[PDB]
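First comes one chain, alone, set out as structure tokens in the form deposited without this ligand.
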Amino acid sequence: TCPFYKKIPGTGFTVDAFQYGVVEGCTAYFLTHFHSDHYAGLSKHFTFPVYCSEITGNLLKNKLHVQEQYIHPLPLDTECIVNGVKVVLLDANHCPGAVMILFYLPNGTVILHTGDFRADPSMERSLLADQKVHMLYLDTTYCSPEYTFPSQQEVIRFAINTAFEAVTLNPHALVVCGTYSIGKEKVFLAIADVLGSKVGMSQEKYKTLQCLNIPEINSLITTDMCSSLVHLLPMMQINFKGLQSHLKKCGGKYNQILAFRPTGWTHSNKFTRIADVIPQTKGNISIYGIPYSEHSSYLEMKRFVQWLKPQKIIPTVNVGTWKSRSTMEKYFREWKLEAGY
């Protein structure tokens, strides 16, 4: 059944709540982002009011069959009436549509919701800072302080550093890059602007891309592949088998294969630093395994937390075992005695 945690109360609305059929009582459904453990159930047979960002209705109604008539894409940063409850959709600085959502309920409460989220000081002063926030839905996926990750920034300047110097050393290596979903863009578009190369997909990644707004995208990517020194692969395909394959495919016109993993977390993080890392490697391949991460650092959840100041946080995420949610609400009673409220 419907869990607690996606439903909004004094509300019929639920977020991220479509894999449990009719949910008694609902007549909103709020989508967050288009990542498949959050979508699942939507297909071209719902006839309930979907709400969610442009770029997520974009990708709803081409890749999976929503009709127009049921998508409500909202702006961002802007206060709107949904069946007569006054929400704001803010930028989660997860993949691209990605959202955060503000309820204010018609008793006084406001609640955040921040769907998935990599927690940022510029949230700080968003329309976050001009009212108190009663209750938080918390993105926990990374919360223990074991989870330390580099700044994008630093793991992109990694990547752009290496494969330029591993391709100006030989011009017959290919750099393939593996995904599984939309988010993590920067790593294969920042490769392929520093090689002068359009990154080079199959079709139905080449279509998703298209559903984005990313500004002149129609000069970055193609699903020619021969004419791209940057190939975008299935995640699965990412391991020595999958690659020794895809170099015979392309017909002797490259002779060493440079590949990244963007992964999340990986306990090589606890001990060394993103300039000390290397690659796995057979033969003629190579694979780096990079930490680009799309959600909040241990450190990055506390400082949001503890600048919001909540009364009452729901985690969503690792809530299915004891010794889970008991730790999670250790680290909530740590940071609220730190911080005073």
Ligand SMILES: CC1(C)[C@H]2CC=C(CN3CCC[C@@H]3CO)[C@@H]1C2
Second form
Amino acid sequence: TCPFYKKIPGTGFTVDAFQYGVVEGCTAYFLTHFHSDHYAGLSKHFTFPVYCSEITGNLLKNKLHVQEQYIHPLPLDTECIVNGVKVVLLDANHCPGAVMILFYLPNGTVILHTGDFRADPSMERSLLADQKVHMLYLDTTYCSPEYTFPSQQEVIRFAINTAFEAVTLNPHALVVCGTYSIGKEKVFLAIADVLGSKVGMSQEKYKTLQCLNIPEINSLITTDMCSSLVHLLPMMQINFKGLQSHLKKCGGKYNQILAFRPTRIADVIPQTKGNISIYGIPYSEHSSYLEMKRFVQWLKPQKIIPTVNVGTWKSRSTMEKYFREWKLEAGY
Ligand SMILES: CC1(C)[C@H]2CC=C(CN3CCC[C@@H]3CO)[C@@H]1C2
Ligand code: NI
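Can you swap the form deposited without this ligand for the form deposited with this ligand bound?
Below, the chain from earlier opens the complete complex, with every other chain and molecule after it.
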């Protein structure tokens, strides 16, 4: 059955709740972003209203074939009325089109649902700051202090420098980048830009990227693999066997592969077999522990409801202990 943490009390709304059939009482289904665990169950035969960002709506139409009449895109940073309730969509700093949702309940309660997010201090300057928020439905993916990661900018600097050095030393090296969902496009776009190349990919991945409203996208990507020295492959193919196989297909154009898997940064080393090297780089689209803690201590919610790691009693207890520490430290 549909879990409590996907229902919005005092409304006919659910969030990311498409795998449970017709949810009794639901007059509007919100979708925070186009990742498969969240859209699970949506298909071309869905016949209820779906509320989402413009980008998410482009993907629903073109990739899942949801009929146009059921797709309700909303602009960001704008007060909108849906089935008699004021809502705002905010940028989640996750993947393209990903949003947080602010609900202004008829009874005066205000609820924030983060969807999946990477907390940032810039979130402290939006409509979020204009009123008190009582309940927070929180992306707790990395809610433990061992989760430190570098800034996205630091990780991209490492990738650009690594690729440029390798290809300047050997002009016959190919760069390959793994993907299995939308998100983390900066990794392959930044590398291709330093190398003066478009990014080559399958027709299916090209279609997906053409839905994302990226400026000047036609100048950056292509389906002509032969013209490109940065290729995208499915994440499952980023291993010595898959990459050896890909090199054979390039017809003797290349004699080395440098590959990236976007799972201290200065000290990161690759796995190497012969003329193939694979780098795992810590590019995150979710909050680190410290980023999450800063956001929650600024927001000062009355109640937090985790939406990730909820399946075990140990995980639930661990998260509850951190929420109480944070509250006692900051005095709310
Ligand atoms: C974020 C979490 C609340 C859930 C997922 C991962 C966690 C961190 N791990 C690494 C070692 C200690 C602990 C158990 O796997 C916490 C349990
Ligand atoms: Ni996600």
